[PDB]
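Complex shown without one protein chain; remaining protein chains in place.
Per-chain residue numbering starts at 1, and chain names A and B are given in the order in which the chains are listed.
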Amino acid sequence: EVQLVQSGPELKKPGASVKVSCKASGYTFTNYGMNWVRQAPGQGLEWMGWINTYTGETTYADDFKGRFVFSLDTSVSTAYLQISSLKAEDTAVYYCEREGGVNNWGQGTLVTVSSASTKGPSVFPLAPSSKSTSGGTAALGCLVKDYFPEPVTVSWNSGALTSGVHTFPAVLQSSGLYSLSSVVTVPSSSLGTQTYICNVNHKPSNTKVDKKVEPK
Amino acid sequence: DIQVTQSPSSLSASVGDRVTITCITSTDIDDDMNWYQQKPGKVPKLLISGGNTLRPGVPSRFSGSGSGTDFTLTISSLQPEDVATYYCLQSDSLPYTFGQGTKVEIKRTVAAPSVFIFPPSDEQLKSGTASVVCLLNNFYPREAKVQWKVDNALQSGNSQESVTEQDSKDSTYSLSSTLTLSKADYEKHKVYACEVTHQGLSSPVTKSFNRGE
Partner (left out) sequence: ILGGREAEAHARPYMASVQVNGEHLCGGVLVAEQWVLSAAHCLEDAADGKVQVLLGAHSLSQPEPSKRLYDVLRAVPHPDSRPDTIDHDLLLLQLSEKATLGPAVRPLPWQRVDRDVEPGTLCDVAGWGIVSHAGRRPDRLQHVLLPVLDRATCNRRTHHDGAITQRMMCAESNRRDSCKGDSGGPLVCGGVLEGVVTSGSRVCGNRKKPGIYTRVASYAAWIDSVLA
């Protein structure tokens, strides 16, 4: 099966450069070119350009002419996007998309451009209670506070608990650090019986926190 | 170089309605129009490609029409899981061009939120900050007001809200409001309450806790 695996999230200061990778598998790399697509936070898709994987020729959309360079490494079936003289406005998810056949995309790479430094989150429980009960339904969660930059991933019981899960979009606090909450609604009867752990990953700081949430 | 104008910017329709989205190109592109769907927090998915070809595995309720400059995407019987932003893409020649997108939302019956309040954790207190969380769960429409009251005194400038995207199964939203105080300020007060105003609630609902109790 076709797969496109992109490199992890990045944090870079203004003026710096970044090189994002897109590793292809399950098909002959040089038989299909690669498109690069940008999505700034809460904005639309922008087609950046194409790289011909066979000849190395590139076509850039007008808005991406200058600081953006596509390149290859055919021996490891990988396409790269390099961005130079990084601006705060370059903060976006960058996707690679295989051009032609059954449509395939990479998972995206979020690049944040800021003078601020990396910070792992602190994970506090949002304990279930008597007034945190919807009759015979209870609510519990985790508060993923004070981290930079985006993104964070939150799962419940190693991805075994998905129903009723609401992971809120992160909000930037006055401190210039992000904070979010991930909640889940479960049967009140299950509180004593079932164990509830929130799995928090913050790749930019290699933070991996598992937090048990229990009635206080 | 080729330009694309997508409309509308956003729409709300009910389950079973027909949704129609337009894309107009600056120049004649024959039938080289594509349509992508991007669900909240997900990677874009190609639904229709050149010649209004429905991609295998995509429900037959999605169809494309048009040739030349004027293209249309039709969702014939809108389902809850179709909530997304849709983007056309012209692929006549390089560079390709996406449209500005159309946010498709579902209009459903009014649903009052379930309200929950969470005091700060003892662990967070040890650090010198208190975060009080008010949760508004599974409500429709998106418009809701959350007011924080500390010992019946109205709060301002010390809270932040975050709302989820419309749920793909029940078409509701959820909201979290976070009241942030110093440990010192937090311990200096007793009653912590969040007052919730929404269309599905006959009167504003308050969820409260007494610090320590």
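Things worth noting here:
Heads up, the rule we're going with is that a residue touches a chain if its C-beta (ideal position, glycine included) is under 8 Å from a C-beta of that chain, and two chains touch if they have at least 3 such contacts.
Screening A:8, A:14 or A:101 against the full complex identifies A:101 as the residue touching the chain left out.
For the chain missing from the display, the contacting residue among A:9, A:33, A:49 or A:121 is A:33, taking the whole complex into account.
Counting over the whole complex, subunit A has residues 28, 30-33, 52-55, 99-102 touching the chain that is not drawn.
Counting over the whole complex, subunit B has residues 30, 32, 34, 49-50, 91-93 touching the chain that is not drawn.
The definition used in the following text is that only the chains that are shown with their structure count from here on.
Centre-to-centre spacing of subunit A and subunit B amounts to 18 Å, using the average Cα coordinate of each chain. The residues of subunit B lying in touch with subunit A in their complex are 1, 36, 38, 43-46, 49, 55, 85, 87, 89, 94-101, 114, 116-118, 120-124, 127, 131, 133, 135, 137, 160-164, 174, 176, 178, 180, 207-209. The touching residues of subunit A, counted against subunit B in their complex, run 35, 37, 44-47, 49-50, 59-62, 95, 97, 103, 105-108, 122, 124-127, 129, 131-132, 134, 137, 139, 141, 143, 145, 166, 168-171, 173, 179-181, 183, 185, 216.
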